[PDB]
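I would like the entire structure built from these sequences, with the hints used as guidance.
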Amino acid sequence: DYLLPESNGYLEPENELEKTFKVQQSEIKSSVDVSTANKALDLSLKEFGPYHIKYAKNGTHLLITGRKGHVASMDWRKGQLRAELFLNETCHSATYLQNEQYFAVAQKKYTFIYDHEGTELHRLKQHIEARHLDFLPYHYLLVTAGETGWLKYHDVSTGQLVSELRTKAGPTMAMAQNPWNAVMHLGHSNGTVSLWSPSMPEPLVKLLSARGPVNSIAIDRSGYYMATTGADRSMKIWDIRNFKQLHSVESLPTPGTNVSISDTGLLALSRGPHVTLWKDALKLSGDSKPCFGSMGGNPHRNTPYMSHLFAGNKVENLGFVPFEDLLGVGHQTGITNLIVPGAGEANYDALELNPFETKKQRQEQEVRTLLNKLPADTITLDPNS
Amino acid sequence: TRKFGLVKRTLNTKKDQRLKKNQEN
Amino acid sequence: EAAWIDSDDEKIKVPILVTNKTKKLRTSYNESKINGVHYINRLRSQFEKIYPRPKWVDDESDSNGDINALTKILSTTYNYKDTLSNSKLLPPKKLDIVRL
Amino acid sequence: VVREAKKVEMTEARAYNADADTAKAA
Amino acid sequence: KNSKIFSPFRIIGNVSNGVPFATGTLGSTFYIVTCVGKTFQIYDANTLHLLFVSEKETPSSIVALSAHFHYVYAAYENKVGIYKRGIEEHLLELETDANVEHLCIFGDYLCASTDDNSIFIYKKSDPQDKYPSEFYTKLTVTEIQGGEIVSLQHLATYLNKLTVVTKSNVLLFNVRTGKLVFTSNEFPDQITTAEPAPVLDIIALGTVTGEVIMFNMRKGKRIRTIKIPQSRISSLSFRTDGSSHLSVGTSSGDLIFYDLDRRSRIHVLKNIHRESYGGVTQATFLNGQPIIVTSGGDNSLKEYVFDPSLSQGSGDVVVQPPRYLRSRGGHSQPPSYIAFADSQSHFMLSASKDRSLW
RNA sequence: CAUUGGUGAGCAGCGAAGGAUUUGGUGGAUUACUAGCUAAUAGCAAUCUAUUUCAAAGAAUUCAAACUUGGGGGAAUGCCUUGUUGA
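Chains as they are written, first to last, in PDB author numbering: chain W, 64 to 448; chain l, 7 to 31; chain S, 122 to 184, 202 to 238; chain b, 412 to 437; chain T, 19 to 376.
Just so you know, the hints here were simulated from the structure itself, not pulled from any lab data.
Take a look, some chain T residues computed to stay more than 12 Å from chain b by CB distance: (1) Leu68; (2) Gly238; (3) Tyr355.
Part of the chain W face toward chain l, derived, beta carbon under 8 Å: (4) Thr182; (5) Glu183; (6) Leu184.
With a cut-off of at most 30 Å between alpha-carbon atoms, the simulated BS3-like pairs for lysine-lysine come out as follows: (7) T:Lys288 to S:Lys231; (8) T:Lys148 to S:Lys144; (9) l:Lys14 to W:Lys422; (10) S:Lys132 to b:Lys435; (11) T:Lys156 to S:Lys132; (12) W:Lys141 to b:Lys417; (13) l:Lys14 to W:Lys172; (14) b:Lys435 to S:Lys145; (15) W:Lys188 to l:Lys14; (16) W:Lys131 to W:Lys171; (17) W:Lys85 to T:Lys148; (18) W:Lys131 to W:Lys188; (19) S:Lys176 to T:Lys239; (20) W:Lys171 to W:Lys188; (21) S:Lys170 to T:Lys148; (22) T:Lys102 to T:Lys142; (23) S:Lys154 to W:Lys85; (24) S:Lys145 to T:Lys148; (25) W:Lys92 to S:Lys144; (26) l:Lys9 to W:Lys131; (27) W:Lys82 to S:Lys145; (28) S:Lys170 to W:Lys102; (29) W:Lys188 to l:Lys26; (30) T:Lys197 to b:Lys435.
Every residue gets a Cβ at the ideal spot worked out from N, C-alpha and C, and that includes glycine.
Put into structure tokens, the structure is as follows:
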């Protein structure tokens, strides 16, 4: 416990009169240290479509996918850029599967698996739609939910299809994989998120999450609380460990396009022109219920921790850097990294992921993970069963 | 100023050394 | 010091929280109706928040030979060549000559 | 010296609201 | 005089005339309102696309232009237009037969001066309301108080205080009351141009001599002076972007850029606008941006920028000179010969005594 | 000899305080101009926060839901379907 060398950043009001959420990002960029203040990027690439964002599980490479033709893998911290592909088919998402050397893009029809340089490795005959393209490196399993009812699991270690699960739910409106559990979460128009394992052809458990369609879903690091948003201007705080929505934030001004969860407990809600993050909102009490406005400054009622409004955009998606305190918000013209104080964890474990990794360390670690892949039957509702 | 015949450069089966059939020479 | 004293400014009172923008001016959540001098002090500090004071206004003021003597006569010149001379000598290397 | 014009976007700033200056009657 | 077959549509080909244009903001972005005789024009600043024109030709030529956020205030002969989107929403006809010289907007008030050395005050009917329609009063400037009214400005953080500057001196009023709260002493030169400041309390004045005076009111003192050899100043502006910079616009067409911290001129632009048509008529830095919009009497409206400074180590010392940006021009002289160029009535050639085609 | 090849010298010839070339950057147009942002009848634009939350309104194929598959074989092991068996 005392070996833990680095401690989180904080944000403190210092008055009741002074307010926490009112800080702006140019105002933040004054006091943050120079490399960390400079780690906020403004990539306005206004020519192509709205931009999809994903950092790798280590923050070392950023992958972006504009809706029209852009596919871009930068070695994000440095000036290096690996991939810049212009496919005139339209794309939806992308993820690095194992390392920055191999990634996968979610196109109009077919998923593509791709080299760092931008070369074509593997076009999938299957995956005939691809809306959410997500990965779990602990099974080496690219799990993809298109606009189809089905859900496809490709084991890119072997390079073969594991399984394909028809939901009977229709087009997938959301998918968030569980880091702690590797159960997949699919969200559809009935207000229903289904938990999934590749073995079980019926879902593990269905959840009538909200009314209307599922806008998005996002899961804790601990796998305890998953924050779900419907298109009904509502966001539920599901505690998966006992399958209860802790708080039901009703009547947003606009339904959130996405939700995202940091490591230390931050929650990101992006209505699209606005991005708003709460601190410690996932806890058990309804005092920790995330609320927009606490009248009278009552400590029980909970205000948002950090706010932002995008002027000329309706942003697409967002994702924290997993070890740093920023979050990449993909807007129509591009990418902002909005600086949080305490979102990411300060003390990573190198033996799990390496944010500072040599290429020789990388090819050691890749072989280490491929030795430690699990075959797909081990995806279960509990890791420990 | 883009060159003509902008083609999809993809995996060469006869040139990529990552292939173990071209791991020999 | 103030050179004019608006006696009639203090006996004003502004209810402040009717405006949506001046809610940065309230120095507590309690006060809502404030006399003239307190509000104008808050408003001056708000204009400080908008633009910080540059160095020339606060400090730089004009109110044997002095060493500023070259700088001033440079500053009141833009053309340093004596083109207003009509020197009645000819400058070298450059002919003001027009073909007719 | 590389004397080249750069692309200059308008960034946002803030100015004083002159419409906030009046107090009404006593 | 009325035609039956044809009717006036607009006078195509005009950008400005020389009447001092006004700047306004929508949110983060800027618009520009210029005059063309009896018809005013609105522009985006970021492209100089034309935004609005007047709904009507005014019966006499517009003398003054001010602009708040959504409401542009034109001022022709005796009456003052409150325009939203170039449409006459409220005409405010002043209770003289004197001609409207200058104008300003602050608070719940409007203040507009006439050439009878008397300013009219127009309250809003409520602070809840947005445009000023209630007539408050008329205050005047008698010849023991000041000279001919050169400008009305409102320097910020001055509660109902109206700053009326003349060729002689500066006055301050409580426009709720109507009382002269302060009179400044005469400056010995003929004051020709006013401008407020992003610092407190300071009004910049460019006189008939080449002299700019920064002037306090809490001091009542002329804190600094700035000389110009043999040029008559027309416009003053302040770059509020992040380095303290001052814009001096002559009526000789020249634009002079100062850094008051280094006490030095930065670059003087020559001949960005024609001297015979008024010189530089009005130049103004867009607030909090390194972009200055200049306007001449040659039917031209230019933009210039400071490039960000090349000196990484210094910054503020090494300054790139201002650089040409987008501009909408017109024929400076009236057009001698025109024709319809294309078949689909898209383009018209217009040649003038300005010695150019357009 | 045609060089109708250019180099190379030159000259006639053109010819106002240079001529000729090559390129970087940026701006302007490249569709016909009604302002920016937001939760939008309004507020903002120095700010939406210590009215943004109560309120209402808000849940069918009783599980319709790959309109999407290179073509042949097969399809062990899976699944599907009914036949059939137990709880």
